[PDB]
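One chain follows as structure tokens, the form deposited without the named molecule.
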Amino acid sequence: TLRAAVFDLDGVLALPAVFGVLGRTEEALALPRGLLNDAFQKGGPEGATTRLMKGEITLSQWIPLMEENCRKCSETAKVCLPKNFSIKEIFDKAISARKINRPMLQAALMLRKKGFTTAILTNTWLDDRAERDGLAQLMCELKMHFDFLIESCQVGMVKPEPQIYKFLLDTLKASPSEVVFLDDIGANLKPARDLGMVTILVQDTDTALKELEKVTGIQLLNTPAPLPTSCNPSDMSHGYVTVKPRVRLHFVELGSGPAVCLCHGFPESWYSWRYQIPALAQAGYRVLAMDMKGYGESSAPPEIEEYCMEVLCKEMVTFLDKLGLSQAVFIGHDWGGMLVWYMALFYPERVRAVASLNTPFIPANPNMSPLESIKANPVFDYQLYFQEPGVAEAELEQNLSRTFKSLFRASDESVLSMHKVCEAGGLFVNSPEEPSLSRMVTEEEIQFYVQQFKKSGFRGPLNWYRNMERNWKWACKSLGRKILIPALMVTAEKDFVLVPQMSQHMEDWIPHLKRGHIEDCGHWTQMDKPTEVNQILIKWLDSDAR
């Protein structure tokens, strides 16, 4: 039975194939049919291209050799190459036009998710052209989704030489009958068939996937839309900055470009952004996903006052200073969304742009105590339950799996009622001991949160709610200000605590405010609707944060 799937790059995972662009160039230049492809393969195993594909020479060294083979071929065909004929320009355009064939990658992704060992096997070159980054980026995006990447120029062997297939089988640790091999060139498919591998001749992707799904017994065509790429914690770059003597902030970092600082809510983790981190990096940003103060690998001092907005914002400024960043775009959710509005109000010169998921911006009322304000709305009762030190910690730390399974649920999977929490005596009094797994989370994702919370528990995280009076006094100093830097408010239709209507008057204080809105989305926005979060954020980043 099949356990491995191997994919070619050109004409399989990437379209159009170079071979196909040479064909179009021949037509456009009115050259004899096949002239360029003939010059490309000239000399066969003893030719310039085999040396290139084996990594003997670089692409820039090969260009003159190709130029000569074209001149030679045009001489034998008794034709003239045009005036400004250029291999460099034809090849820059061909490499540039090549994009990932998304349904083919999607099928490879499904096979791997279903237990298959996946690999990319390609005849490729050492690219030293000035525009080599284009291909480097393509390879980077592809390679992360496969168990192996086998490049001709790195192993010194080429398809269709029998040796590269025997090398392939060795790296896969599989017998030929256990492998499906996908290739758009019949000649390169032949040695794979000869060894006893299942082979697919890729012409149109749809027929190739029909043959691939029939042979594997795994549905690849007509599948429901997949979730965006997530994060494996052990595969990320982990960073640590000391912001003051006893306080260190931990973050996960991915990508290059403008810095985007992601700030989670209560009781979360940098991991709550797992579905946005790969997407924003791929979109052209340097993502810094925090473990906010009190969480995960960041320090968790016990004092309440260490968690007031004024100190938290000051530490985020120091965090940028120490990393050598004059600005970052700040994206927050829940308590993180609150922090982010305060960064914009108190440190606008350090904030490139600001976005909040669910948390509205409501100016402090100077004529009313924040505790009076909280009492006025029944959906905020859980916040009064969180006031007394030790009470909510005892309930939330009793059984970590139960806490996370009860909280991280979709709008329809409701297991908690945040009104009369104090009266009932807890968040979980009418909740099961062993809750069912929500559709948004896997058992393994829940266990990651359980492991993070074993370090410091809930004291630090609950302290974010224990500075109502302190935050109110500090917020009152900003009452004469408006937020005039680029800003985005994302409301979630079914968040029954941070209701979309609580955001209705934000335009009075943020005149240029931009909005996003997600239907059928509860409180846990990033994991409830990851695809739609990614779409909204990327579109806003690309228009407003550069």
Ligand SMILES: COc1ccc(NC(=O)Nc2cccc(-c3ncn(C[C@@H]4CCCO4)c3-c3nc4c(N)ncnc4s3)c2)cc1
Second form
Protein chains: 2
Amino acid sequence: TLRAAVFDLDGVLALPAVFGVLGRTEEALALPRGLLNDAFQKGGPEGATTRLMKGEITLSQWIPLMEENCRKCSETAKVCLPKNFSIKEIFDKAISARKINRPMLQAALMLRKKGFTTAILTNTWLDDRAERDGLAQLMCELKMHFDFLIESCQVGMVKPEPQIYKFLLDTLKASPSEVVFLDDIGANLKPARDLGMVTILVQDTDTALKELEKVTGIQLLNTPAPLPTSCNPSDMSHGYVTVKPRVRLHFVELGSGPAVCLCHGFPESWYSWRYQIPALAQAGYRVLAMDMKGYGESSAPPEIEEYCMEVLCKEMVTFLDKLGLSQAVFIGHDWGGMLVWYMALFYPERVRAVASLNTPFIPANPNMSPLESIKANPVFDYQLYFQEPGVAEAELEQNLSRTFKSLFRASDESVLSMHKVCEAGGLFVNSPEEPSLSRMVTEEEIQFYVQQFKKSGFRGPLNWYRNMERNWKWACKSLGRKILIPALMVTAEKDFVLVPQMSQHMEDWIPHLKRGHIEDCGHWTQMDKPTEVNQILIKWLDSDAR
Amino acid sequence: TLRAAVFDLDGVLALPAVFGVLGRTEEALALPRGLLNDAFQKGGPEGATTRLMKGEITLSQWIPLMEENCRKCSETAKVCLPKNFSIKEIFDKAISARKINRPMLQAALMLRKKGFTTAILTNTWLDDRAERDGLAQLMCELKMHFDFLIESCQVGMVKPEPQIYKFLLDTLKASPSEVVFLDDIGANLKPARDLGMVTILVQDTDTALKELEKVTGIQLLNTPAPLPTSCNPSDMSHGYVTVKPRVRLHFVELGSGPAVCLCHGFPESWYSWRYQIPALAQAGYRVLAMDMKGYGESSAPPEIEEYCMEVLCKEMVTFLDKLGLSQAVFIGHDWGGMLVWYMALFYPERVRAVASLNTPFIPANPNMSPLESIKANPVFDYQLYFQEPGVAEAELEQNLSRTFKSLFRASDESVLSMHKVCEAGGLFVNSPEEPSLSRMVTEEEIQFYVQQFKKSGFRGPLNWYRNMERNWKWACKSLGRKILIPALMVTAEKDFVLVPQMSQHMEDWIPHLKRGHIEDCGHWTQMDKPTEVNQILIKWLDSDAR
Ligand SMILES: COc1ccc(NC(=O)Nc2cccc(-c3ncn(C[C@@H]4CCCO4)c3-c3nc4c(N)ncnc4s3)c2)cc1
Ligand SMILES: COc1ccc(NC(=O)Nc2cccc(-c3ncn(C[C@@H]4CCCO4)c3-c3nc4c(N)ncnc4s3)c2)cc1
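Starting from the form deposited without the named molecule shown above, please give the structure in the form solved in complex with the named molecule.
Below is the entire complex, every chain and molecule, led by the chain shown above.
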């Protein structure tokens, strides 16, 4: 019968409770017990605090009124408030110290994953303090995970008034018996109970979650570590820049701070960074997740030479110019990782820092043709298969769902055996018509890639491999250079195409190179090990990129 | 015969010349005259500096080589270099001190305006220093104003090599006699002259521009103050956010730094901010120029209530949520100015600072109907004309070019007389069928507005005026509040609709309100006085918004 879960903010989704700081202050300043809490609730439904919680006045208008109540209370109690007593200081510190209650958020996230409608119902204020951004940032992080956020100061009603509960029920489109309501204030829980809602008085989080698990029949405690937050394509800001007459680049954009340009590989999408986008934005960065040239909503001209590294890099520099960005940190994976090393070598003034997942930096051999190197290693046979225009396109485009389900597999999921691809006559000749779904992806996520690839197919993406000679000639111009800007190389233990050992000599050309290494990780780094990718990238960004 | 102008960077488009710092350093450290300049050019075409200028090595690889040449030169000269002599420090300071030569840039801008192809040809380096962003920012500001930027380190050729001149001519698609080439180095001018180009040796800017004016036949010196840089719609980054199922918001985005959300008025576009967008981005802000709901590429649902302030504000808060922005500075003009005051009153935690052009903040009268106030003032008669759905739409949509040419007029250009609009039967009844073009706009800029309005017409825009009662009821909830966040009110002397005196009591509700005032400025503030709007906004942003 239960299908909705409602959470309070202070003392439930965020700890320590801002309210509990009035008690801590009394103790720290040796004031009479309850003095501050009494001045706070002074006047009850007609008092200054209710006016604040209903949105009649702002927090900065409330501060002097709370101070006057504090003076009145101290007078009656026959005590003196200290020399430099400040309600502003006390509240600034309390609000700043209040952080998200991670296990409570995890429980809300699990209930919503299981089909519950979730909401935050809170008695809050209109915050106009100079330091208001901290609270704004917290409310943003929290709210994205819920169906509804109901704030007393916006609705002009306050808990425990019965009208706010009828408003919640109307917002939820649910009858009281269908709702679990969690609150740390027993008085605010009473009208929900009186209406017939399941109520949980929250003291310690663990007990509250045990009651929540018992009543919902859903495992919320001791659960496995969840995946980082992903992206819903229709909820993102989509950006479009024309870099030249027939070429436009599409990107997804989230967050504020230093620009972080994410560059996917083959045959991928901006969506390959879905687990990184929210995390990097939350870490204090402005994420620009590209659809590389030839992919998704970006233009896909047919000509091979439109996909040589020199032109791709020139376009990424134009992309920055048109957005008015002097620099970006460039993070690439696979072919994207190759491009980012080239951006660092040719346009260091535009590259704040550079990081590559899997793709090593190997200097060009000015004596050997690049095709000779590919022929020497049996693992790179698929690249010769990719050479003849039309051959790989026909195979990869034949059945899109089959293509992505065969490609996107974890290291233990029987990934494509790429030896003798040319001899066999294709990539999927020993592959099932209907592959099983990898643990890394949902059916819906595969259908997103299928839909994206319906627009342009595989011509542009395969063209990235068709400029060996052109790329070699351009790379030779960089032979006397070193990469001296901040650089990170992330190796994936079980990537059998871009093996960790291929990166071993990078320090000869990148002396200050920093590294990351991910164990039990295949080629599809971002979706294989998203938590670890996020951990490595955020740590390096905060230390080396600002 | 002349149709192309080529400019050097160091000593021509940027001053003081980075090269002249070697001489200043010798003088300041009392080193033998020419010692540093000699170590700099040591080895000539085979030396370290040519390798740097050709892109063989980066600036950070060059620094130790220059230091070794400095040691060799001092040895031969029988002198000692000082205790803490640093080539890095010297160059960091020289590059940072180098600023754009504004009169040279103005001359290039005028020549391009008159149909010249313009280019920058420069001997430069691959900058990987920790402080490289300063130079990146300068190159970005400069390059946008030119057809081509040719950098020695990217082309692998250097002035005075004849190949770079043949490459320039091929890039320009011009014969030498058609080209003016300006350089501060006589040796680098010689091959252009030998090819038959018009050459100008640049010492002082004034003399160089007198020679340039004489040879081109174009007034470049003593010219009137130019307009700020505008926007070419096809060169901007275009962003799109779905705020709810049937509503998407479009915006143009430029720059990095604190988010600045520009909100246009009626019946306008993001393009109404064209002179502000480049200037604010250059000032160190991330500009988000909206197409407000009902306009341009943003959705335009037909329902009146979709355009009440409460819903418009809720959507702008959702817009911030989806972009991952905790706050933005909100700057509005006209109806946009009305919305920004409402954002400050209802969502102060999301508003970094608020500024309005022309639109005052007038608290709601809880005793009088908003329609009663409009009827009391004859100037607001056009608002009653705007009430009946369909009437104003038919008149404004009849001839789009006529609508915008009649509307967009400076204070001295016989703007619409809005008295007895209802009695007359319309806005344009006493207006010509073919209005003259205002000095504020080009024919092309009018056709941009015409094209934008072809999509949705005037229904959504007029609906902003159709929520008087709803807006009044919502505004009454804010009657006990004050705006205590940073606020700027900009009045326009000759706006006869939004008169400066209408803002006179704003300090009663916004005690710390800052002001700007623009004389001889009509209603269309941004295009009437763009230089002054930019000056007022940048000054206030830098002082009050970060
Ligand atoms: C079947 O589905 C797939 C999907 C993705 C891939 N991934 C790739 O093919 N990744 C990729 C991306 C970019 C370059 C390479 C690559 N594969 C082989 N080499 C050859 C080098 C040369 C000597 C040692 O290995 C390179 C590289 N190309 C370059 C280059 N052009 N410049 C610099 N370093 C390298 S490494 C691979 C493979 C199969
Ligand atoms: C014919 O082409 C045009 C193009 C643009 C305009 N511009 C406007 O109509 N601007 C505009 C925008 C927003 C509000 C108003 C406005 N016009 C009259 N009042 C009435 C006030 C009330 C008492 C004194 O004047 C208001 C305002 N509406 C509000 C509101 N709803 N809330 C708060 N303050 C105001 S001022 C005007 C006019 C003709």
